[PDB]
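Listed below, chain by chain, are the residues.
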Amino acid sequence: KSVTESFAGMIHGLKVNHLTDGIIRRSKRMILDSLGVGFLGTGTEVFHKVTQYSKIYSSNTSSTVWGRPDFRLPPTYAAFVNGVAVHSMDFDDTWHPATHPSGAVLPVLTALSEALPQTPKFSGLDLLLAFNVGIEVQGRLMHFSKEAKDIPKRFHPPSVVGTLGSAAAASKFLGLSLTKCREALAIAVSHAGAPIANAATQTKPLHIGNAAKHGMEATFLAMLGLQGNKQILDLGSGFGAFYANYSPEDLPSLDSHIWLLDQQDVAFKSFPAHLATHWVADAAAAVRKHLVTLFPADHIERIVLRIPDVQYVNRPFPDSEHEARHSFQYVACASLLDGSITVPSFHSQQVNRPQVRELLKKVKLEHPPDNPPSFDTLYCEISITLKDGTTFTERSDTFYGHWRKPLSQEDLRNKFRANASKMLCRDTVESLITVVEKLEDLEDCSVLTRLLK
Amino acid sequence: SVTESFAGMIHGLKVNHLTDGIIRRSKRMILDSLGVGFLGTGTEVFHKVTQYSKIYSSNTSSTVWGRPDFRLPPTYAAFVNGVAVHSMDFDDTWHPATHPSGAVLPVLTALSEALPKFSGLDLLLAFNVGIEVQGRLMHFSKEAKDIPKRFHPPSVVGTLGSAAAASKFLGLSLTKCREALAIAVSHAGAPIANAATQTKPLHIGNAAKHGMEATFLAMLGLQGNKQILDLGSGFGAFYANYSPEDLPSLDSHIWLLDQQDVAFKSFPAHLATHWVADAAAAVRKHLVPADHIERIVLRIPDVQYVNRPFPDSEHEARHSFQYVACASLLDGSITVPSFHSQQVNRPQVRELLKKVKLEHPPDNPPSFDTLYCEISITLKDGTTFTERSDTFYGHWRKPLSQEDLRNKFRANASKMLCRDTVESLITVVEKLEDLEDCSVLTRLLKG
Numbered sequence: 001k002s003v004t005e006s007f008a009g010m011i012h013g014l015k016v017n018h019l020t021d022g023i024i025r026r027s028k029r030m031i032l033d034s035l036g037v038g039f040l041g042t043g044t045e046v047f048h049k050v051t052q053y054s055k056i057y058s059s060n061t062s063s064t065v066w067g068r069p070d071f072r073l074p075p076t077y078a079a080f081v082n083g084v085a086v087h088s089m090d091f092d093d094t095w096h097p098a099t100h101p102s103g104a105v106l107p108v109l110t111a112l113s114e115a116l117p118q119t120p121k122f123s124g125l126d127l128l129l130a131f132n133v134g135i136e137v138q139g140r141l142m143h144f145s146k147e148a149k150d151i152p153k154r155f156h157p158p159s160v161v162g163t164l165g166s167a168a169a170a171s172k173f174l175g176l177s178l179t180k181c182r183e184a185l186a187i188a189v190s191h192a193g194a195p196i197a198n199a200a201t202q203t204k205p206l207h208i209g210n211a212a213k214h215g216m217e218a219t220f221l222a223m224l225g226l227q228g229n230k231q232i233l234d235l236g237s238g239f240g241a242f243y244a245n246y247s248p249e250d251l252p253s254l255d256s257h258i259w260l261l262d263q264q265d266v267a268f269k270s271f272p273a274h275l276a277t278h279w280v281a282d283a284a285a286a287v288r289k290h291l292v293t294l295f296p297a298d299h300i301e302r303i304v305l306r307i308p309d310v311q312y313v314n315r316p317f318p319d320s321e322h323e324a325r326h327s328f329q330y331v332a333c334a335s336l337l338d339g340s341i342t343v344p345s346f347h348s349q350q351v352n353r354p355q356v357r358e359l360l361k362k363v364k365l366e367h368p369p370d371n372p373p374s375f376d377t378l379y380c381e382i383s384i385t386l387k388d389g390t391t392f393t394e395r396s397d398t399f400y401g402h403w404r405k406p407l408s409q410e411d412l413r414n415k416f417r418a419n420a421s422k423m424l425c426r427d428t429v430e431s432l433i434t435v436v437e438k439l440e441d442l443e444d445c446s447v448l449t450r451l452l453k
Numbered sequence: 001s002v003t004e005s006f007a008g009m010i011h012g013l014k015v016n017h018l019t020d021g022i023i024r025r026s027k028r029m030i031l032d033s034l035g036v037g038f039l040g041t042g043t044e045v046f047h048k049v050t051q052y053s054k055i056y057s058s059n060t061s062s063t064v065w066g067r068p069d070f071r072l073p074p075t076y077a078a079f080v081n082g083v084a085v086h087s088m089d090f091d092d093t094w095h096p097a098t099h100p101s102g103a104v105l106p107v108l109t110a111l112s113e114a115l116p117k118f119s120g121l122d123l124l125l126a127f128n129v130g131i132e133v134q135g136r137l138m139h140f141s142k143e144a145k146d147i148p149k150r151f152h153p154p155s156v157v158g159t160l161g162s163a164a165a166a167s168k169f170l171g172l173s174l175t176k177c178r179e180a181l182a183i184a185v186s187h188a189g190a191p192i193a194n195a196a197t198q199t200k201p202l203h204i205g206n207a208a209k210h211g212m213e214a215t216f217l218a219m220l221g222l223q224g225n226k227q228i229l230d231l232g233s234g235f236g237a238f239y240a241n242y243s244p245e246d247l248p249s250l251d252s253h254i255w256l257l258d259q260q261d262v263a264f265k266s267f268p269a270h271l272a273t274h275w276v277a278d279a280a281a282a283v284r285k286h287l288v289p290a291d292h293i294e295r296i297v298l299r300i301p302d303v304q305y306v307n308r309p310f311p312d313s314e315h316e317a318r319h320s321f322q323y324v325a326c327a328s329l330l331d332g333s334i335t336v337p338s339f340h341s342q343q344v345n346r347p348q349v350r351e352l353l354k355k356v357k358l359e360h361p362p363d364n365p366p367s368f369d370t371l372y373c374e375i376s377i378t379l380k381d382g383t384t385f386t387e388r389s390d391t392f393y394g395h396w397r398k399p400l401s402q403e404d405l406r407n408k409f410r411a412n413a414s415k416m417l418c419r420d421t422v423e424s425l426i427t428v429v430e431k432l433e434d435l436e437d438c439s440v441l442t443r444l445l446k447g
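In order, the protein sequence lines correspond to chains A and B.
Residue numbering for the first sequence follows the working numbering, beginning at 1 and increasing consecutively.
Residue numbering for the second sequence follows the working numbering, beginning at 1 and increasing consecutively.
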């Protein structure tokens with residue numbers, strides 16, 4: 001047969017009986033983190049704009065807009081705005097090969113659980129199964145091109161593999177047949193193109209939104225019988241259009257299948273910025289220990305960041321939240337000036353402080369050959385020379401939260417608490433934590449969705 | 001920057017910049033698009049996209065061309081109407097390769113209805129702005145001159161052209177036009193493989209839809225990359241060897257449509273097969289005998305997604321060099337019903353399809369501007385006949401006359417509309433220049 005048919009086979013064939021306790025732990029962590037960052041993102045300008053746009057549409061079915069119990073959107077637009085919320089602050093999870101896999105799946109399954117209830121109630125295990133199918137389809141697909149393991153320079157993966165992950169999760173959750181799962185994937189491929197250039201702008205979050213949206217839309221068109229190319233995932237003129245040196249492979253038998261999450265964990269972010277800057281901040285946080293026992297900003301000779309050549313996060317003078325989130329230089333100098341980087345660190349009011357500008361003017365980037373542009377092998381080394389000639393240097397190979405040194409469950413819960421506390425009552429936050437941690441045992445998925453408002 | 005140059009051109013151009021040529025050609029393009037859309041509203045693809053779209057409703061709405069019994073939001077109205085226009089791949093063709101009219105006209109129509117007076121000149125201005133933007137974008141990559149092999153141009157340049165036309169028609173500021181383009185870029189990716197199947201029409205639909213959506217998001221103030229058209233990591237992500245250039249100053253600007261006409265199709269198939277049919281129609285003149293032929297050799301470029309020696313369905317038949325050749329030989333002509341399943345899988349067609357050999361000489365590159373088709377038929381007794389078509393009637397080198405294009409419109413639109421309504425549409429489009437309000441044209445689409 002074909003690789004495309006293999007993907008349809010994996011989506012259709014996988015059952016709750018194939019889920020492992022490891023992927024269930026990782027899935028519950030991913031879901032809790034995604035909900036927290038979404039709730040936080042509901043306060044952004046981007047989420048406001050996408051909800052003001054979406055509100056003009058209405059349907060016979062509708063779904064919750066996270067944190068805002070006063071209005072509902074069609075399931076498509078609800079998933080759209082919720083994915084925007086999770087990716088509104090570049091604060092959701094990161095995986096390897098490079099993508100942001102949770103934001104494109106969870107809002108879709110939530111909207112479907114509300115919008116299209118099955119005659120048998122949806123269970124937490126059904127949500128986990130569809131979630132892991134989407135997470136598996138993306139990533140399993142990314143291993144068909146080596147460049148997917150590097151930080152992207154052409155297309156933004158969450159719009160490419162995230163869209164097909166959405167389609168796979170929706171097809172699984174609703175219960176589509178083998179060939180309709182295939183057709184949902186083939187249709188989603190024609191909704192999957194978006195460039196990396198918009199990463200530093202107000203548009204970037206919509207890459208998750210549409211990824212959540214379009215996949216669902218493809219599934220709907222697949223249910224109506226709309227057909228696509230039977231070999232869309234193993235043609236260079238099909239899905240392979242998004243990757244250089246595309247090299248697809250058949251999927252393994254379910255008897256020999258191993259979930260990707262059981263072998264490759266996700267990284268969780270501590271502050272809302274590009275993952276590469278999490279190395280920068282860490283290195284900066286170390287070197288500041290030799291300078292501060294307030295930072296002596298008035299008399300610093302220079303700041304040197306040894307960091308790989310990722311141009312779209314090379315921003316010596318960012319103006320907005322979004323540019324600061326994609327700025328090596330701002331993250332380094334802000335960590336040096338304040339002593340830590342958190343959410344308010346990326347407010348444009350804070351980014352444009354005169355101390356930030358004067359210290360920022362001193363930041364030099366250096367790209368040594370030994371460190372490649374990849375979240376798995378990237379490092380950051382920071383050197384600060386004083387006007388008196390003294391030079392200090394510290395290096396970060398792995399930061400707390402990276403898949404090599406993951407956040408503890410307590411720290412991930414506390415991130416969730418701090419984020420959700422702007423939208424949810426305390427008791428709602430604690431109950432939602434409980435429900436997600438015990439999601440595998442949840443007889444009725446409604447319990448989770450009813451807490452998102 | 002080039003991006004700012006596009007925003008400048010879109011905002012700056014006025015009705016007074018419209019030329020006699022681009023108006024004549026725009027009226028031809030619009031009439032053809034309406035006819036082919038009405039024809040396409042009877043297809044399964046239109047059914048699928050309207051059964052999907054009907055679930056959405058908004059404060060404003062717009063006409064569904066073949067189904068006046070309900071209304072859609074202008075977004076979904078443009079979606080399904082563009083689908084109808086591209087439902088059987090019988091839209092027009094332009095150079096560099098794209099299908100620029102199908103992605104633009106439904107958007108301007110839905111906007112004139114949903115979000116009100118717009119004049120025929122305002123419609124023509126926004127339409128030509130979209131067409132111009134598509135042309136200028138395609139001139140930034142060499143492969144745009146060729147028949148596509150990775151992305152489907154109407155989903156890439158058509159999306160930004162739609163966004164430009166919508167932004168122009170609604171009246172967005174300079175920077176909001178720029179932002180509409182930057183947002184549209186993030187909605188613009190679709191591969192050529194789905195060209196050979198039932199999904200293909202949606203590439204126009206989404207191109208009409210997403211462009212409009214981008215404009216709406218721009219109107220709300222959503223920002224994108226201000227130099228999206230100057231980055232290979234931006235719009236250039238869709239092209240090999242992307243090399244953008246500034247647009248000429250309005251002091252020296254020339255419309256592209258005024259220099260490069262569009263080709264109009266005679267039968268619903270990929271434009272390349274229009275060479276094949278023409279050549280085939282010639283060679284049978286020396287024969288008119290399906291059972292007396294040794295072989296059929298069809299010289300034609302290496303375009304794999306129209307290389308289907310044994311098609312299964314409607315969509316493969318529309319993308320089959322071999323089927324077009326064999327149907328032309330058997331019937332003497334190709335018409336719309338020629339692509340029905342019972343006509344594709346008939347035994348005479350199969351007996352000839354088994355005989356078709358393709359040859360790809362260097363003289364044939366995969367490009368609509370330099371393509372030719374040469375067909376040779378050898379009989380079992382050794383007799384060989386050869387005929388060649390370098391340009392077919394309807395190609396921009398031999399464009400369809402007004403009589404033939406009007407008759408195409410009549411034949412197609414009459415499937416859905418009362419023929420007197422068809423004549424009224426002929427007059428209104430022919431006289432669009434003097435039309436006080438677009439309402440007159442859109443009312444005729446109620447029928």
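Hints listed in this document are in silico derivations from the structure and should not be mistaken for laboratory results.
Beta carbons: idealized from backbone N, C-alpha and C, even for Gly.
Accuracy of the hints is not assured; some may be wrong.
[Stated by the list, open to error] So these bits of chain A aren't anywhere near chain B, every CB distance computed over 12 Å:
hint	residue
1	6
2	17
3	70
4	146
5	177
6	298
7	300
8	302
9	352
10	386
11	391
12	428
[What the hints assert, rightly or not] One side only, chain A facing chain B, incomplete, derived with CB under 10 Å:
hint	residue
13	43
14	45
15	76
16	152
17	190
18	194
19	201
20	202
21	210
22	240
23	379
24	425
25	451
26	453
Now the hints, each set against the structure:
no., hint, verdict
1, 6, "17 Å, holds"
2, 17, "34 Å, holds"
3, 70, "18 Å, holds"
4, 146, "18 Å, holds"
5, 177, "17 Å, holds"
6, 298, "34 Å, holds"
7, 300, "32 Å, holds"
8, 302, "29 Å, holds"
9, 352, "17 Å, holds"
10, 386, "37 Å, holds"
11, 391, "35 Å, holds"
12, 428, "30 Å, holds"
13, 43, "17 Å, violated"
14, 45, "8 Å, holds"
15, 76, "8 Å, holds"
16, 152, "9 Å, holds"
17, 190, "4 Å, holds"
18, 194, "4 Å, holds"
19, 201, "5 Å, holds"
20, 202, "4 Å, holds"
21, 210, "7 Å, holds"
22, 240, "8 Å, holds"
23, 379, "24 Å, violated"
24, 425, "31 Å, violated"
25, 451, "27 Å, violated"
26, 453, "23 Å, violated"
Checked against the numbered hints above, the structure violates hints 13, 23, 24, 25 and 26; every other hint is satisfied.
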